[PDB]
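**Student:** This is what each chain is made of:
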Amino acid sequence: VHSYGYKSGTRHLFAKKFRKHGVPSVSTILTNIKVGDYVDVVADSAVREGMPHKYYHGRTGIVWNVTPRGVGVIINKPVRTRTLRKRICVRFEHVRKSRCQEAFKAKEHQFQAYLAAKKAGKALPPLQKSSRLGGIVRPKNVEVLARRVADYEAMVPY
Amino acid sequence: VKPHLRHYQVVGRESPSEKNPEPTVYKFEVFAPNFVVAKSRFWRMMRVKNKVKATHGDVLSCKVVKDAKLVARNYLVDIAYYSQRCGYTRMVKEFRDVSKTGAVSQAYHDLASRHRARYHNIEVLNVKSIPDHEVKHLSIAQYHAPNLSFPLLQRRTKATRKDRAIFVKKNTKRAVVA
Amino acid sequence: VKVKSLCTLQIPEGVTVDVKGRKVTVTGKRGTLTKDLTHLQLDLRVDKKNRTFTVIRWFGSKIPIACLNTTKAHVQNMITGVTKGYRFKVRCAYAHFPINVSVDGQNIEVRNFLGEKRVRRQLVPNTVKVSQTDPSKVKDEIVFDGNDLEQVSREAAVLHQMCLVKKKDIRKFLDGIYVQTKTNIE
RNA sequence: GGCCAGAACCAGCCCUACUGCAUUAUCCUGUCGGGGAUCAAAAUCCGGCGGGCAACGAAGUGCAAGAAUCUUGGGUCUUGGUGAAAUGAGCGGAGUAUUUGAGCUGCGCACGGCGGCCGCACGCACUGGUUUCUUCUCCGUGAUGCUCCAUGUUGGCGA
RNA sequence: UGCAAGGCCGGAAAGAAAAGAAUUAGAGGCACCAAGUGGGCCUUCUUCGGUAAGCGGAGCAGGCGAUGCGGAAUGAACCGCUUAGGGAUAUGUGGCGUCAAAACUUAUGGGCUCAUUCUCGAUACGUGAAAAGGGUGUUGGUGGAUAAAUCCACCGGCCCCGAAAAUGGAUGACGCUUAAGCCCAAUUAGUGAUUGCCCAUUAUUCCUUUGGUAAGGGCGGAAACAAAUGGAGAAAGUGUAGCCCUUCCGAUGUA
RNA sequence: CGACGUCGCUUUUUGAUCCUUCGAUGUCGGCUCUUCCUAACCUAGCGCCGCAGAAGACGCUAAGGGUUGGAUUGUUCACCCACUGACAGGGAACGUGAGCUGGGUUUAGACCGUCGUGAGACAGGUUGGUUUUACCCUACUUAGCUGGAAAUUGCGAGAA
Ligand SMILES: [K+]
Ligand SMILES: [K+]
Ligand SMILES: [K+]
Ligand SMILES: [K+]
Ligand SMILES: [K+]
Ligand SMILES: [K+]
Ligand SMILES: [K+]
Ligand SMILES: [K+]
Ligand SMILES: [K+]
Ligand SMILES: [K+]
Ligand SMILES: [Mg+2]
Ligand SMILES: [Mg+2]
Ligand SMILES: [Mg+2]
Ligand SMILES: [Mg+2]
Ligand SMILES: [Mg+2]
Ligand SMILES: [Mg+2]
Ligand SMILES: [Mg+2]
Ligand SMILES: [Mg+2]
Ligand SMILES: [Mg+2]
Ligand SMILES: [Mg+2]
Ligand SMILES: [Mg+2]
Ligand SMILES: [Mg+2]
Ligand SMILES: [Mg+2]
Ligand code: NA
Numbered sequence: 002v003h004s005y006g007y008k009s010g011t012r013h014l015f016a017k018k019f020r021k022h023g024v025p026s027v028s029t030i031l032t033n034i035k036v037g038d039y040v041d042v043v044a045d046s047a048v049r050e051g052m053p054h055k056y057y058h059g060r061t062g063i064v065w066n067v068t069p070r071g072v073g074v075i076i077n078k079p080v081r082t083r084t085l086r087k088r089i090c091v092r093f094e095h096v097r098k099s100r101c102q103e104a105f106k107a108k109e110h111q112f113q114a115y116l117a118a119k120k121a122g123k124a125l126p127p128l129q130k131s132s133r134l135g136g137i138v139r140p141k142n143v144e145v146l147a148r149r150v151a152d153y154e155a156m157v158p159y
Numbered sequence: 002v003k004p005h006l007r008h009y010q011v012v013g014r015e016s017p018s019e020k021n022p023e024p025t026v027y028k029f030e031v032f033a034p035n036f037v038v039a040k041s042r043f044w045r046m047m048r049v050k051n052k053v054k055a056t057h058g059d060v061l062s063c064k065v066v067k068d069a070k071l072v073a074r075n076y077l078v079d080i081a082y083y084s085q086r087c088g089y090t091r092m093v094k095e096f097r098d099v100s101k102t103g104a105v106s107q108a109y110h111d112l113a114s115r116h117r118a119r120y121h122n123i124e125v126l127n128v129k130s131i132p133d134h135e136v137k138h139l140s141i142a143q144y145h146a147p148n149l150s151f152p153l154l155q156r157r158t159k160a161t162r163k164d165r166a167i168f169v170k171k172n173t174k175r176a177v178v179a
Numbered sequence: 002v003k004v005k006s007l008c009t010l011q012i013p014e015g016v017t018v019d020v021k022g023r024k025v026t027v028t029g030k031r032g033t034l035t036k037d038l039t040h041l042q043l044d045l046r047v048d049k050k051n052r053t054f055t056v057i058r059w060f061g062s063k064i065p066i067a068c069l070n071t072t073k074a075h076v077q078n079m080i081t082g083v084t085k086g087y088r089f090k091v092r093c094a095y096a097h098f099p100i101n102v103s104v105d106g107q108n109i110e111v112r113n114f115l116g117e118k119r120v121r122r123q124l125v126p127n128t129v130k131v132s133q134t135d136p137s138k139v140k141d142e143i144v145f146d147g148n149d150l151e152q153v154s155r156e157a158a159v160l161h162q163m164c165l166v167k168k169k170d171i172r173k174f175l176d177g178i179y180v181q182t183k184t185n186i187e
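Chains as they are written, first to last, in the entry's author numbering: chain LS, 2 to 159; chain LR, 2 to 179; chain LE, 2 to 187.
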């Protein structure tokens with residue numbers, strides 16, 4: 002019956018997309034991974050060397066150690082009543098830089114720029130207004146919404 | 002008794018966005034017990050017709066339409082109802098009533114009685130006051146007679162609730178237990 | 002429902018129709034007839050000056066409306082019976098065994114029906130007169146006479162129904178007592 | 001009397017009465033033309049056109065905050081009392097006023113036609129004015145009482 | 001002077017703006033020592049094997065077990081609600097012809113239905129009783145046709161036929177048919193607005209108990225004050241007849 | 001009457017399942033005896049027939065009544081002989097063992113055949129092989145005694 006090997010039930014998981022087959026590209030090689038960075042662990046099916054387990058596909062974590070051809074990532078895994086910090090070792094081809102903190106970093110930089118503008122006395126950008134406020138609506142065209150006899154005939158096939 | 006359905010005119014639209022800066026404004030005719038049901042029916046119609054969801058639209062008005070002065074009239078109600086085996090069945094009926102809301106409520110009761118149809122499976126297409134000479138059904142046309150009269154027979158006349166009794170003398174009005 | 006449904010009948014000069022509580026009585030020459038229609042619940046009016054009998058149904062469906070013409074036909078039958086009466090002529094038809102019918106006062110005895118030894122006896126009510134036509138004019142003919150159509154018939158049928166062929170082909174063995182002519186007496 | 005019952009009043013509850021604001025127009029009228037049906041009509045019905053509040057027990061439509069104090073509602077054998085600290089718009093002193101709504105109004109500003117003019121149902125500021133009718137407002141009592149218990153009335157029954 | 005790492009010294013900090021721009025009956029962590037469990041069973045959906053099975057096997061989550069209470073007459077598990085011990089007042093599911101509380105059979109609501117020996121129907125779950133097929137029963141649609149209104153096909157609704165088992169029997173019993181049946185809609189009825197009524201171990205509130213991850217006050221006798229003829233007590237306190245007072249919240253339960 | 005299709009019903013058949021019972025609910029047949037069902041064999045009506053008569057077929061309402069004697073076999077069944085108007089089908093813990101009987105099944109003795117090295121095994125054959133208890137409570141069947149309308153009481157008062 003069902004077996005329990007390392008790669009059981011990965012027929013659609015460890016498969017390349019349609020017309021997107023091939024080994025990793027040059028930009029994947031040239032990417033710099035540092036300790037403390039956030040990375041997504043997505044297995045590249047074409048490499049097959051250093052592939053993570055099927056559980057860690059799609060999980061993101063922080064790299065804890067960098068190695069000539071490998072990367073070690075701390076991934077949270079819930080077992081029973083607590084989550085463990087599993088340190089998995091993969092090849093560099095199975096990790097992508099994570100944009101999870103992109104919005105937070107942009108918010109920090111926006112705050113710093115706003116403080117700089119306030120200190121320098123430059124005029125601040127106008128504040129946004131909610132769309133949930135009231136107002137007078139002047140309609141360009143007003144239509145009548147009603148059910149017609151033809152709708153049932155249209156919905157009835159043959 | 003006054004009708005259980007009220008005439009609502011629900012005016013609404015989609016919330017303006019960058020793709021639709023000036024959305025179309027739709028007016029809707031509904032007969033509903035309250036304005037919450039009126040708005041629910043309006044948004045159902047907008048979703049199934051104009052592909053507009055209630056979460057992405059707004060309502061400019063949900064007012065009620067006052068009834069005209071009470072006059073014995075003929076009301077043509079074009080209505081439709083859904084059944085599982087029969088699909089959508091559309092019919093046109095004539096009613097004798099004094100108001101549009103009264104005629105539509107009478108139509109809803111008639112559909113429930115004769116076809117086992119509930120409020121949420123019924124869509125009123127139109128209601129209008131038609132002349133005497135355009136009435137097709139004889140059951141409605143029999144009330145157009147200039148001299149129409151009839152006696153009240155087989156009437157179970159009940160006493161006033163304060164004067165009702167359990168035991169009454171046989172040929173007198175004296176109450177023994179009351 | 003239909004607010005008003007009517008049926009109107011014309012009363013001849015001799016006969017007078019009287020209605021009271023859905024109980025009709027037609028009195029004229031040759032006798033008097035009475036019918037109890039209290040099970041019908043209709044509005045029965047008689048205009049004596051115009052000699053009309055009207056039966057009305059108010060707010061009636063098809064089932065209640067169906068009784069208007071039945072009541073009109075019943076009253077017409079009573080008028081016709083009071084005026085001219087009813088006469089039913091039945092004939093004894095046989096292949097081999099003659100059917101001997103003897104008529105006493107209000108009593109009919111049938112013998113030798115298909116050779117049977119059993120005698121069939123029928124008692125006729127005093128409101129219906131039974132006679133036997135002499136064989137010189139027409140063979141084996143029995144005449145029922147009376148004002149009530151429902152009473153003149155039934156008698157002609159209890160006579161037909163008592164002489165029924167049993168345990169035999171009825172395509173063959175066609176003998177019996179059959180009503181040939183229904184007519185009046187005046 | 002530490003019993004039974006009834007009426008009073010307090011306080012707190014819990015029920016009821018008493019209603020204002022906003023809406024309406026597919027509406028309400030009149031009058032013409034049609035159209036309809038009649039013995040003739042009228043009406044149902046549909047167009048113009050002129051008005052407009054169906055009008056507050058108009059509407060069964062939205063929301064209501066109206067001191068049961070004026071103006072002795074009811075209930076509490078569903079609470080505790082009988083003033084052993086009554087905190088009261090309720091007591092007790094003063095005063096005839098006070099401000100707060102509704103009218104009606106000023107100026108600027110928002111707001112609405114239409115492209116700086118017109119409107120403005122009366123928003124906002126001047127806590128603007130007016131006072132025409134609508135309301136009462138203002139003061140007052142620590143515990144030198146740590147805690148608990150202890151204070152009516154009218155009968156019936158108990159000498 | 002670049003990177004990488006470990007520091008150090010500054011700087012700034014809506015302590016996270018505005019755009020619908022969170023919420024919390026949110027003290028986070030961290031040990032130690034143990035007990036019962038380790039036959040489970042029911043559903044809603046998803047699902048596999050099997051003709052199925054009150055059959056066997058899974059998924060997610062609830063529930064019985066372990067648990068009463070109010071309701072479906074009766075029923076482990078369905079509906080409502082979950083349980084200190086008492087009151088009042090409200091409800092929920094379910095009801096308001098009698099049994100049986102409540103329409104003393106409500107309306108000044110609209111239609112539909114007549115069912116002769118398992119005797120129409122009326123409680124979801126619970127085919128915890130039924131189809132294929134038929135009806136010139138009645139009353140509603142839809143499309144034609146013809147001209148005093150007809151008749152032709154076609155779809156509903158309720159009723160009827162299909163529809164046979166063994167003790168006498170089960171809408172629940174009686175009964176009901178101007179329903180006490182069915183579909184819809186009211187709340188005193190075109191009068192003037194927006195809560196008919198009746199039933200919980202539920203809600204709200206009141207009283208008492210008990211226990212807190214409980215919250216507070218007071219505790220240096222305040223001055224006075226015999227009897228005959230206001231009184232008592234006041235403990236620096238886990239647990240008592242609990243030191244006293246005030247306040248809040250919880251309270252069922254098999255192993 | 002009826003393909004091949006299609007929808008049922010039944011629980012007199014086997015199967016499936018494992019819910020009850022393993023500190024025990026007497027296990028086949030027969031006999032006796034009552035009762036119930038109807039999907040009606042006879043018997044009462046009545047339709048229809050390819051229904052002349054006679055004899056039937058098919059259906060309808062109806063379960064009031066009836067439904068036998070034997071040969072072989074433990075049999076239920078089966079089959080045959082014979083009578084009859086007819087010799088219908090079933091249910092009641094596969095009705096009925098403190099009712100019987102015990103032929104069968106299913107101990108221990110023994111024989112055969114086949115199987116086993118054997119002791120032994122057979123859903124194969126054969127022969128021989130303890131059927132306990134009511135005096136209890138109901139239920140039935142008869143047999144006595146005796147109060148009671150506020151069904152014992154109120155004095156609580158209703159005359160076919
Ligand atoms: K009292
Ligand atoms: K429960
Ligand atoms: K009704
Ligand atoms: K306590
Ligand atoms: K202590
Ligand atoms: K036996
Ligand atoms: K051997
Ligand atoms: K043997
Ligand atoms: K033997
Ligand atoms: K033996
Ligand atoms: Mg165990
Ligand atoms: Mg109550
Ligand atoms: Mg009662
Ligand atoms: Mg203490
Ligand atoms: Mg406990
Ligand atoms: Mg035993
Ligand atoms: Mg036994
Ligand atoms: Mg019998
Ligand atoms: Mg047996
Ligand atoms: Mg026995
Ligand atoms: Mg025995
Ligand atoms: Mg033996
Ligand atoms: Mg007595
Ligand atoms: Na994939």
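Incorrect hints may appear among the rest.
Using 27 Å as the maximum straight-line C-alpha spacing, the simulated DSS-like pairs for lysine-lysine come out as follows [as the list claims (entries may be wrong)]: (1) 63/LE <-> 137/LR; (2) 3/LR <-> 21/LE; (3) 94/LR <-> 24/LE; (4) 129/LR <-> 63/LE; (5) 120/LS <-> 106/LS; (6) 137/LR <-> 90/LE; (7) 141/LS <-> 64/LR; (8) 50/LE <-> 159/LR.
Calculated from the structure, these hints are not laboratory results.
**Student:** Compare the structure with each hint and give your call.
**Tutor:** Each hint, compared with the structure:
For the suggested pair residue 63/LE and residue 137/LR, the alpha carbons sit about 20 Å apart, so the restraint of at most 27 Å is met. In summary, the hint linking residue 3/LR to residue 21/LE is not supported, as the alpha carbons are separated by about 42 Å, beyond the 27 Å threshold. A C-alpha spacing of about 41 Å is found between residue 94/LR and residue 24/LE, which places the hinted pair above 27 Å, so the restraint is violated. Taking the CA atoms of residue 129/LR and residue 63/LE, the gap is near 30 Å; set against the 27 Å cutoff, the hint is violated.
Distance check on the hinted pair: residue 120/LS and residue 106/LS sit about 21 Å apart at the alpha-carbon level, within 27 Å; holds. Under the criterion of a C-alpha separation no larger than 27 Å, the hint pairing residue 137/LR with residue 90/LE is inconsistent with the structure, at around 52 Å. Taking the CA atoms of residue 141/LS and residue 64/LR, the gap is about 21 Å. The hint holds against a cut of 27 Å. Note on residue 50/LE and residue 159/LR: the hinted pairing is violated, with a Cα-Cα distance of about 40 Å set against a maximum of 27 Å.
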